[PDB]
Every structure is written in structure tokens, then in C-alpha cells.
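As a plain string of letters, each chain reads:
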Amino acid sequence: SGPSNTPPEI
Amino acid sequence: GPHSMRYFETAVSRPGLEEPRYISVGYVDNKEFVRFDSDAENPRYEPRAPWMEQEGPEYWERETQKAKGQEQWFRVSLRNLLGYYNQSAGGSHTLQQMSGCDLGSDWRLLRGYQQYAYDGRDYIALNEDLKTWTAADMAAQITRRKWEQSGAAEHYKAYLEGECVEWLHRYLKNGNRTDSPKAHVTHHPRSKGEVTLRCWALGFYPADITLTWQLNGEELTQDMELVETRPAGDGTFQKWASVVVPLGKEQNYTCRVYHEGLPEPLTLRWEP
Amino acid sequence: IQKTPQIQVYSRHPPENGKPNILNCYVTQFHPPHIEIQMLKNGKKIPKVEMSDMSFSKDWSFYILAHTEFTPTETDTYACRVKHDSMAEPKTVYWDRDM
Numbered sequence: 001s002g003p004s005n006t007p008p009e010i
Numbered sequence: 001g002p003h004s005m006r007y008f009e010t011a012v013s014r015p016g017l018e019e020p021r022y023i024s025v026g027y028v029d030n031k032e033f034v035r036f037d038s039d040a041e042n043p044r045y046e047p048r049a050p051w052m053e054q055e056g057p058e059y060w061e062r063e064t065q066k067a068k069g070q071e072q073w074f075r076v077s078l079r080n081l082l083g084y085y086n087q088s089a090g091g092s093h094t095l096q097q098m099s100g101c102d103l104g105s106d107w108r109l110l111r112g113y114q115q116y117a118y119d120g121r122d123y124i125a126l127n128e129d130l131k132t133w134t135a136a137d138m139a140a141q142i143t144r145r146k147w148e149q150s151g152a153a154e155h156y157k158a159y160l161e162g163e164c165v166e167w168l169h170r171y172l173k174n175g176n177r178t179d180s181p182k183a184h185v186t187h188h189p190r191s192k193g194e195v196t197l198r199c200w201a202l203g204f205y206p207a208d209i210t211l212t213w214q215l216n217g218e219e220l221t222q223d224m225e226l227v228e229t230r231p232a233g234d235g236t237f238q239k240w241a242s243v244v245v246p247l248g249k250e251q252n253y254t255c256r257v258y259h260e261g262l263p264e265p266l267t268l269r270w271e272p
Numbered sequence: 001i002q003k004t005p006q007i008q009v010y011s012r013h014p015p016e017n018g019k020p021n022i023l024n025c026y027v028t029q030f031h032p033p034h035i036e037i038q039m040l041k042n043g044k045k046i047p048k049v050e051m052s053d054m055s056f057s058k059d060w061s062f063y064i065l066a067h068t069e070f071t072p073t074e075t076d077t078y079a080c081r082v083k084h085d086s087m088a089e090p091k092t093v094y095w096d097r098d099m
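Protein chains in written order, with this note's numbering: chain Y, 1 to 10; chain W, 1 to 272; chain S, 1 to 99.
For reference, chain Y alone in the conformation it holds in the complex:
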């Protein structure tokens, strides 16, 4: 099960 990136973005 993959990652779900949180804000803040880069």
C-alpha cells in the first residue's frame, strides 16, 4: 500500500 504525501508539497 502506497504513500499518500502530506502537504506542504516541495
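Please note that a few of the clues may not be correct.
Straight-line Cα separation of at most 35 Å, DSBU-like style, residue types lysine-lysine; simulated pairs [as the list claims (entries may be wrong)]:
1. 91/S <-> 45/S
2. 45/S <-> 182/W
3. 173/W <-> 41/S
Short derived list, chain W residues pointing at chain S, Cβ under 8 Å [claimed, not checked]:
4. 12
5. 119
6. 249
Rather than coming from a laboratory, the hints here were simulated on the basis of the structure. Heads up, the beta-carbon is just placed ideally off N, CA and C, and yes, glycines get one too.
Starting from the structure of chain Y, add chains W and S where the hints point.
What follows is chains W and S alone, placed relative to chain Y:
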């Protein structure tokens, strides 16, 4: 063994009004098991190993929804990166991500990973403590400042210690394996009274392997030629190693193949 | 930023003249991901060449496997030609059945 899961993600911007292309690939123990590609007909996560075909459509829909989230987060990041490096917008850039966990034989987290690269170069990476970031770069300090202020490390830590680990386990139970190498040596002429001996290992899985040449019990690490392990295309691998020896002295050299599917390492010589 | 492709050309099975087989062109270690790969038989482009999906490695660099059906013979010559932005002009690597 040292079990692992990885997700490898890439967004590549394109000139002329196109959305970036986003590809995500999941790996269990270095073998590809899922894949999402935004260029596809109806973009969704698809199974890439047989043992994923048991999952219900809820699994796919959920993963597919995450990917649409990542696609967007990647797209906004790319835009920001362009501004951080003072770059023009005619062009083509990449953002890559590596995420995952390493588990022990006891099913316990050994190490979690969270790394990014911009245009193929290290950008920012979560350290082994899972609380601090190492930024490789002037621009990546900007990013590091934001994520320290927001506590983003906590979010990634929770995913790596929890979900990543639990799902790796679930996938291993779902997937319960080696293929031993078949080895042989070939003989090849050279000039000036010399010969090449080549030790081949073929049809092996997993990819990890060691090949050594011996002269009278002493290892020839020095002048051994070695190719990078290569895929055969059928899910197995290939490798070879070679030494230049004097003509007529071939029987003095022994090849040894070390692979985890083998009862004992293989030991062999040139057999005319 | 540009990283130069490394190429191996080799068959899936041990080659026997006249027995059908698969010929592989394994292209690794490159950046950026856009690449053009051709497989050639006696200097001429081979049609219907299978191309794996794109992947990258732990060092961030991209790799790709191209393959095709082929029947080796004593005198048929095979190669793999790669166009990429890291090289001035295309790189051709010829199949050597001993390697």
C-alpha cells in the same frame, strides 16, 4: 530474510500545455507487484504479479485514489521546483520519490525510507531517525524549513512504521521461492599464449549472486571481468565472470557460484 | 544532470544456431528518461520490438529492457542502437554470443 517494500514514483513535465506524466511502481522484495501510469487509457493501479489478482476492487480503487493525490502533489512540487532553481518553462524536468520499509525475519521494522530527487539528483531525504531531513541543496533548505515547521516527518514516520509494515506482511503471506543458477564455463582464445575463461550463471532468482575465480585456493578479485546482473526476460537472471589465464594451465582455475537457492556453492572448472 | 546509457546485448537462452530464441537489449543507468531504442538485424531495423515499462534504480537512474524474437545463425549479425540526449550520436552495441 531482510524483506522489503518500495514505492518508486516519477513525474516528468512536458513542453506544450501537457500535464506531467506520473508513474508509480510498487516492489515487494525487489519484484514489481503494482503499477500506475497516468498516460494509460483509464489511469489506475494494475497488478503486476499473479498473487495480486486476489485483491478486490476496493483495494485498487483506494490505491488509485492515492495515486491521483500523488499526481497532484507532484505536479505542484514540479512548478515550485522550477521557481526555486530559476528555470524556464519550455522544458522537461523530473521529480522522483522512493518510499518504503525493511523488515526483519521477526517482522519488525529495520529501516524506513523517504527520499526525493530532482532532475536525477538527491534533493531531500528523511534520515534514519525518521524525524530529521537532510537537504542536499540550497533549494532543498527551503523545502526542509517548510517540513520542519509543519511536522511532515511525523506523517511519513507513521506511514513507514504502520501501514507500510502491515501491508508488506499481508503481501508476503499472499505470495508464498528461489531458482538455482545453472553454471558452466566457456573457453575463449586470446593472443600471446593466453585464454579467457568465462563462468556463466543462468536462470537464477533472486538476482543477488556472487561469482569468484580461484587460483590454487586464492581468490582472483584483481583481474576478473564481471558483467552486471541482467534480466533474461522470463523472471530469472544472468551473470558471468571471466579471467585471462595462461594456455595449458586452465585446470588450475576454479569458478565458484554463491546463491541463496543453492545447497552448497557451486564449484566448477573448464571441461573440454 | 545527464547520465549516459550502459548497454548489454544478449540472448535469453544459450544460443544454438537455427533454434528460436529471444534477444535482449538491456539499457541502464540513464537520465533523462526519454530514450530511443532500436534493434537491428544485418544493419536493418527490426519491426515489432517489445519494450518493457520504464523503471528506475536506487541511484535514481532509469532502465529499460527491449527484446525481440530471433533465430541465431552462423552469419546473421544483430545489434542494439540507442539515441539519448547524453550522447552526441547514437550508440550501437552488437550481439556477441560469447558474452
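Hints, verified against the model:
For the hint pairing residue 91/S with residue 45/S, the CA-to-CA distance comes to about 14 Å; that is within 35 Å, so the pair holds. For a cut-off of 35 Å, the pair hint linking residue 45/S to residue 182/W stands: about 33 Å separates their Cα positions. Annotation: proposed proximity of residue 173/W to residue 41/S is violated, straight-line Cα distance about 45 Å (limit 35 Å). Look at residue 12/W: its Cβ gets to within about 6 Å of chain S, closer than 8 Å, so that hint holds up.
Hint on residue 119/W holds. Least Cβ distance to chain S is approximately 5 Å, under the 8 Å limit. Interface hint status for residue 249/W: violated, as the beta-carbon distance to the closest one in chain S is roughly 21 Å, over 8 Å.
In this structure, the earlier hints numbered 3 and 6 are contradicted, and the remaining ones agree with it.
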